[PDB]
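In the block that follows, a single chain appears as structure tokens, in the form solved without ligand DST.
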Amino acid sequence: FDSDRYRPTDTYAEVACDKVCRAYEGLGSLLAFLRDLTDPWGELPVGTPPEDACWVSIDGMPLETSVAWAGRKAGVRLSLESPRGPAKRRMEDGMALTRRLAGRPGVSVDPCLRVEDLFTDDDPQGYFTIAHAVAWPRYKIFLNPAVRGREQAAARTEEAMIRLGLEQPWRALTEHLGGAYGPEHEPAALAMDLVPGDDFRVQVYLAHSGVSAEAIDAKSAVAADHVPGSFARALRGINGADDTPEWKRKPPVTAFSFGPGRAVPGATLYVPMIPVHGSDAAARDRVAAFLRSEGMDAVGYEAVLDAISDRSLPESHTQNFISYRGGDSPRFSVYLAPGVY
């Protein structure tokens, strides 16, 4: 525990509330909602870190704040994962939360419940099983295809894709990638928007170990929204040399998005921040320079960083990823550890 902003007795839910409010401030009762949402661990004091770091945040907190720009608008999102242990109890906490979201105003958890058995187990492996996010409310769930080892990740992902009706765009991706999944494009996570109908989306996050910016770009050429070279230019550009130990320890990620009635996936690039960059200030300078050269809003990005961060940025290590899509309908997001641990 290491905070100038929070006392050790502040609760997880109170930190969550504070971060969400400050993110809105940077963009220019909630507490009640979040206590309920994080029931019952949301009441735990933040001063006592979990036994096992949460996957959801690079500082191991059970909370991660996100701000997303798209279609000339910005929105705040919050990711959550139980800090409880051991892994099986953490998993069951998440299962419980999914079921508590069912029947919330616009929610559909049916697609999640039809593949849930694939990403849960009585003896789970890997650094997580279940996590969620809320956006302002729509919800999503994150699942670990490596719950029973990495070697089964592609198979488990594929079977879920099939159950969900998305075999065709999943086939398109799989063939584009050469027909097999390896460390070059490894299924590291799945997400689902818990909504019914055409707006339903599943994202498959592929990690890219030991490949160049150009090769990563080319893996996206099957995407509905592929802008040739744009991923290569973001990666080379923001993150420079691909041979640093820090690059190799946290490789880039592409989120492929799948929707009903869509023959091919969309693609969004996830650019690792800390620890590829030495601090949030260094990462900020380079991300801002890239945003400007793309004509995107670097001021709003920096305003959010400033509003939400608890330490001066050269001493702050809270940016996990930024995400980026170029072209006519550009997207940018930043994902932030609370920076409490």
Given for the second form:
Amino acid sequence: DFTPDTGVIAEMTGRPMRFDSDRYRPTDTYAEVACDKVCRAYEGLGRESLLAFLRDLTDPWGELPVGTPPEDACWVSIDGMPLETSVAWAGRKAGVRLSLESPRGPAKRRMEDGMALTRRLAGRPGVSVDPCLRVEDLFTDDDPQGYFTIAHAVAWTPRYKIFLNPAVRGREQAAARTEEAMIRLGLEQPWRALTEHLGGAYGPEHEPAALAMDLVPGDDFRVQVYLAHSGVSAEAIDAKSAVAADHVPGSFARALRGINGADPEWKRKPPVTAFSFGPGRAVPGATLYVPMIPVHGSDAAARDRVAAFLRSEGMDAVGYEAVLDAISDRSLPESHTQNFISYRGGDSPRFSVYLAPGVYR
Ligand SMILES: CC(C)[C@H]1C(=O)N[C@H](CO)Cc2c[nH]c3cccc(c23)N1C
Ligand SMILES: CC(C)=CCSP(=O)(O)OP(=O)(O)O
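The form solved in complex with ligand DST is what I need now, so please give it after the form solved without ligand DST.
Below is the entire complex, every chain and molecule, led by the chain shown above.
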């Protein structure tokens, strides 16, 4: 949580973008791309209403032409697009999610668009935005710093989450804003347990980079704190999640080493642990996020290694590859769209892949 050689990376933010797609016309709208990407994800898993849902959800920018790159890349996708598709497998369930972030600028405006969407979600079936509004001032400012401020995701079975940036006013304050948010939400107990497990402080070795929460009421409510791990071994990362309710000793270290090799310029993108908190749960759960592009030279190279890992865990590698194949617009050895995968082992294993549309370069 200090120097520029640590923490999360800019990805496409701050860089100029050109449209470059074999699949989409420049006149296709953001909402149409999203609709297409989501349908193709379900296809890999084995439409007029969906596009209307998504145009609604992304209103107004959803009608903007994809062919005209934003002044400012979004951070939700590594190719700077305002949308990122993910597919998640949990135990015997599998489903599709879409994350989204306003492409509009500048940052205060993009933030405000995000605040506006929260309020348009407030009245939707099963949604509660009260916990979000309780902590929202900790993550917003007139002059927001960092790579993002507010993004959202929808998951269909519609469930919504919000992503918030504790580094909105600098990395040095991230832990404090995170802590205050956890206390306000009544999650002081598991937060303390995590904090004490990590040694009582937060630095680049386990740095609060994002706070997410499911926008729902009741014991179902869930907060995730994402900690980026700059400059530490696979074994050290594994040890950090030993406080977790669902910790499997060595599992994270094995996934990290197995998929991403030993800790070289393109391994600047730090691995991340998502600690998940809920009401009446005294310690968090933990989920591992393994960096894909650009640690790996292409989606094909990443795919081979992730497929081999899934198999050794006895998880469904065929479904993962089918999703990659269905959703990707380029031949995989020349494709660079996988952002992360996430993983948890044990008796209720979880695997997810997060995919840039692959439209901007
Ligand atoms: C802050 C984490 C959630 C985040 C991260 O550390 N870096 C990503 C860019 O390298 C941001 C990101 C965008 N979409 C994502 C989907 C799943 C995890 C992500 C992201 N990170 C691990
Ligand atoms: C889109 C970003 C930044 C993170 C997504 S992590 P996640 O939504 O897959 O976490 P869950 O699957 O809801 O537990």
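Residues that one form lacks are left out of the comparison. Take the two forms, superpose them, and find the largest set of C-alpha atoms that agree within 1.5 Å; that set is the rigid core. Residue numbers count along the first chain shown, from 1.
Identified as moving between the two forms on the superposed core is the stretch 245-248 alone, made of at least three consecutive residues whose Cα atoms shift by 2 Å or more.
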